[PDB]
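The chain below stands alone and is given in structure tokens; this is the form deposited in one PDB entry.
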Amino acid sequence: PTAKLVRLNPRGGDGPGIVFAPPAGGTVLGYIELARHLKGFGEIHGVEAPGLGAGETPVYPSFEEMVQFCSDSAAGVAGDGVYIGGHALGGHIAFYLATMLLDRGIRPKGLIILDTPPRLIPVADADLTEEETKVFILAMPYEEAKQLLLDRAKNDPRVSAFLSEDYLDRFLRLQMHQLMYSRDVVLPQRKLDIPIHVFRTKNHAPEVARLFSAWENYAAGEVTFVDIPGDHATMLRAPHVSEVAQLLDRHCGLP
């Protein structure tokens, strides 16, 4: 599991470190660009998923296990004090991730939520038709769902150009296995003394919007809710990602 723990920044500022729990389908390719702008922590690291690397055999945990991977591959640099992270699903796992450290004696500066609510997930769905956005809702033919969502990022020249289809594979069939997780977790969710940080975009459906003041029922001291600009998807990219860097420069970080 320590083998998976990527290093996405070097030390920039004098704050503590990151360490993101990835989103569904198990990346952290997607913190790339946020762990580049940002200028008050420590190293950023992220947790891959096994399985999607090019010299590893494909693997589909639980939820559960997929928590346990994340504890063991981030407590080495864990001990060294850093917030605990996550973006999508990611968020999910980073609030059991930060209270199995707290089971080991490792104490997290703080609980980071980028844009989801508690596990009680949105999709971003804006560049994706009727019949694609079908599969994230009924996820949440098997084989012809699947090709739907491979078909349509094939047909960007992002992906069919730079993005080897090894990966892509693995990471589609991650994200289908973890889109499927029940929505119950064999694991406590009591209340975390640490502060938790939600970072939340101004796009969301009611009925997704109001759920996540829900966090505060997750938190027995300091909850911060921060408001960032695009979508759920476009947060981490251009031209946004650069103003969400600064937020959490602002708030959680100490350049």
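Whichever C-alpha set is largest while still superposing within 1.5 Å between the two forms counts as the rigid core. Numbering follows the first chain given and starts at 1. What changes on going to the form deposited in another entry:
- Among the residues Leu149, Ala75, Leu102, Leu179, the single one whose Cα moves by at least 2 Å between the two forms, once the core is superposed, is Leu149.
- For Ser62, a C-alpha deviation below 2 angstroms is recorded between the two forms after rigid-core alignment.
- A movement of the C-alpha atom of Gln189 reaching 2 angstroms or beyond is seen between the two forms when the two forms are aligned on their rigid core.
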The other form holds:
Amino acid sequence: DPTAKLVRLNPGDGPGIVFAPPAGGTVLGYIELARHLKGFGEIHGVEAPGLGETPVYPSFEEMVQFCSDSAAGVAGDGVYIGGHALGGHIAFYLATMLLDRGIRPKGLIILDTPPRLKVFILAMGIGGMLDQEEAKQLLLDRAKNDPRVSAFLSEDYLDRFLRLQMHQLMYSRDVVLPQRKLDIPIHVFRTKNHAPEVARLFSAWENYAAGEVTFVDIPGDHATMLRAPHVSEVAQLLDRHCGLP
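The form deposited in one PDB entry done, now the form deposited in another entry:
Here we give the lone chain, stripped of any partners or molecules.
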């Protein structure tokens, strides 16, 4: 009965992108990026089941299955799969499942994560996505009149997001680690202020690339790269490297 939802993120010519969601299962973290991209056609994100509905707490593999089934409606020639944070691991496994089914995306776009992966979580995660029991109301009062998210980001949506986030933050590093080589190009966009013990893990995307793998430096840090002013430079670099010239 439960299914993930394919959500349109932009109003275009050029390749498509389907984004997989980070911990918490929402696509709303990609809206600002999607609005700044100019070299892409259709941009979608997959929204986890249960954020609308019966809540759902899927295993990592079940989440991949939900996302694959939803992306398969648009994926194939001319369409990237992409993701940030845990969304990058889901996107890698989603791409592998689409290949196994005879659907070949144009490539995989990883946003600033290596393969090896309370009120602070609210503020760190959804609080950054909204450029900000009491903390929750400041978020809902910020979202109340913000037209980019006001359609759906109710009190109930936020609660469901935070519970699913906590669940997905408990996934094992060993389970989300890529294993097999992916037969489409991988483009890795990485920020440049990680601690060195993290910075040295990005190159390992090449372990999982049967073909081309490209690294591109981007501004910001892990949490600010998807918000202004850094997101517009991220978008310009996606356009340059992956989008329509």
